[PDB]
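Below you'll find the structure, written out as structure tokens, and then a few comments.
Only one protein chain is missing; all other protein chains are in place.
Going by the order they are written in, the chains are A and B; count residues from 1 in each one.
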Amino acid sequence: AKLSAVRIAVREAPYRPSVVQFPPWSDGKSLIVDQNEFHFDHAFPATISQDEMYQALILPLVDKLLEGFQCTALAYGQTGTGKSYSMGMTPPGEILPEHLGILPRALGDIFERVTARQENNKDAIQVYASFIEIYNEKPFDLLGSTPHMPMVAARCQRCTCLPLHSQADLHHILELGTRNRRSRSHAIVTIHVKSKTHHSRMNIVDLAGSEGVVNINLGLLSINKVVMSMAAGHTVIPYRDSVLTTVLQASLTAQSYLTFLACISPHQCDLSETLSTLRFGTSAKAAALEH
Amino acid sequence: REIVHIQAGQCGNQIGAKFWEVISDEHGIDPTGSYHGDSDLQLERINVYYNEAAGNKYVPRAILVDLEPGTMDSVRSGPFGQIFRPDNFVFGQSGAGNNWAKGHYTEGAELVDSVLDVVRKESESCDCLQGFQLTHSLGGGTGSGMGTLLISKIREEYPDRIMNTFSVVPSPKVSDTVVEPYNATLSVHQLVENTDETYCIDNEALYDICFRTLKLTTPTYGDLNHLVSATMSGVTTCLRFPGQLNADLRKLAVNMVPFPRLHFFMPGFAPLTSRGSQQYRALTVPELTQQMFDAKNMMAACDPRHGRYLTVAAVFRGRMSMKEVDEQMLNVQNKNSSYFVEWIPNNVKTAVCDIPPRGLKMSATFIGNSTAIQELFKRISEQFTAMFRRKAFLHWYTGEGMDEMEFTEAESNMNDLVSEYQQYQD
Partner (left out) sequence: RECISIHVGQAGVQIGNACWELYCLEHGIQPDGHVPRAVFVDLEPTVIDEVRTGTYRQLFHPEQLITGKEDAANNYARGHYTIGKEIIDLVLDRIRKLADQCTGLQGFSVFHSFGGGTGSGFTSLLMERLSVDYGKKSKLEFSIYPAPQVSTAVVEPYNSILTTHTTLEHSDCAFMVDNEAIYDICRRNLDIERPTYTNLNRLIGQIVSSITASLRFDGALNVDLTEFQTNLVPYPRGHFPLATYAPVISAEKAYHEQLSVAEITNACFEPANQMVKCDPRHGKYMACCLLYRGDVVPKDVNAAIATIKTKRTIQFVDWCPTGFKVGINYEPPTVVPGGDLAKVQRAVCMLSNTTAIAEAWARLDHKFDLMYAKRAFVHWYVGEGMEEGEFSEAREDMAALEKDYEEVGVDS
């Protein structure tokens, strides 16, 4: 079948004249770059805080995750545009409160709802985290004993999930994974919600820089093909088109959720990279149709 | 451009002898001799399959992979057998056990490096590489296992060059082996995820097409093979010839695969008339499309009439009117609007070479990507479960260092592959 929802958001990175224009009159989901008009589900200016961005874009997915639906939030775009910052890939301990990203905020709300529903509980719920890195189209388990050893025919499921009981634990897995981490490197930190009969995932994806100079991009790219193939029901999904779509195969299924976060530079010198990132958003936006 | 054939297993090998038996004559290359070519055009593009060393010795650039000596030692001790440079023979005198696991994880895994070695010596030959041709059977060790590995490695070494795969999917009615669905399900798995063009042939779809479309009463293997090799020549080599409208592996690929699975096709030759009598010459053209597009005549087991098409590629090769070609294709697309899928305004990919099959006036290879092939992986997938359920001859796999989750994997994968394909039949 089709995914439950495919959403696309854009976040303007802080300015160091911005090429990004937010029209005086708009629905808050539009922007203009190099005279081109872009329309997505969310358009966040450089002034939007982490809290607001998380509340608008990710919080809604928390209930879905708890209900058993697979969820994926993926940041993409040029290096230095705030992808890691937005997703919260840096160990929480060494981060100021207002700067905390999506990962720590999501985990916080997950624990809260799990503790609030652990009495009108059917079964018990346990939370875990996995940290996978894709270096040159090769999956690596950053939480295992061989973080520098490629995976095959098992990166889809067989990969260490470490227990999560508090933010401190998240800090541990992020610190551990970061150390065991080694010309593109994508990161996929997944919050796993497991019960005796259910397993839902919240995949927080932080892709490597999309700038140029199979083709650097290709994942997400491959992601759009997957989204389309499912809609038109090609009765064969190109999951193996890339390591990204292979690792997230279990999450790229019917009544799963996919949210894109395009991070863009407001600098004129990055116009070309920004346009590339926004054009991809438009394409993923069209592929999200029929879903 | 270029390509480097790959004779995995015995079958894939036996066929090598027939694919090269043909192709050579379709290129005037005698055993060790050179280019006797009746013409001068069967040479300007040979490179695609040979190499220049002596000056009369253009050696086929293929690989002969097999864990059973006797085989390659039958192909190398017969007719054209003495044209392959010995370096090509990557044998595995080990016990070529009929286990997918024995030729993919335990026995074949060793002989692999000594293969890749050569597959690189040939790739780094010269000019620009296009892709590799792969022949084998998905019903044995050296075929499905070891050959399915050869590609998983190839596709890591050049995820750029293409990968056509000629698989002899396990015929229905009678299986020429017992674990068949084991060796099969396991290899299709590897296919749906590495090669990007597969041409599935069925020993019994051939018999039929060879005993009723060729009143041929004693269709020896050599024949079947011969017929098959006839199609793979129309595909590749052919398009590496001139044409009003020529294509090449990619065109074929970039016009035939709507969705990345890789999808498998079903090849069909054009003039398929019995010798003497039948030599009706009704080959103006409507006669070729008449042929190609009928049920019988599809080297596959399944019948097109049992499921829409996504793409079709009539790769004709013989002087004809880009009008009577481009035209026919249409009516065909309208008389059968029913099965031809709609979300593709022009499913058909008309291709047109010039020079035809040496002795013939007009031919046309057919490469169909129909949703009908759903009803085959179903078959295979069924046979598996019915026997997997009881772990039938599973000890021959596990005992060879395998996994109970490995078989699960493949079936599912290939099983899902059935699913998807239906997503378009509807």
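Here are a few things to note about the model shown:
Definition applied: contacts are C-beta pairs under 8 Å (C-beta built on N, C-alpha and C of every residue); 3 or more make two chains touch, one makes a residue touch a chain.
Only one of B:254, B:386 or B:405 touches the chain withheld from this view, namely B:254. Remark: the omitted chain is touched by one listed residue; of B:51, B:175 or B:244 this is B:244.
Not every partner is drawn; the one left out touches subunit B at residues 1, 44-45, 127-128, 130, 240, 242, 244-248, 250-251, 254-260, 311, 321-324, 326-327, 329-330, 342-350. Hidden from this view is one chain, which touches subunit A at 36, 214-215, 218, 221-222, 224-225, 227-229, 231-232, 234, 238, 241, 275-276, 278-287, 289-290.
Here is the rule we go by: only the chains that are shown with their structure count from here on.
Measuring from the averaged C-alpha position of subunit A to that of subunit B gives a distance of 41 Å. Chain contact summary for the complex, subunit B toward subunit A: residues 159-160, 192-193, 258-261, 263, 343, 371, 374, 406, 409, 416-426.
Of all residues in subunit A, only 153, 214, 222, 225, 229, 232-238, 240-241 touch subunit B in the complex they form.
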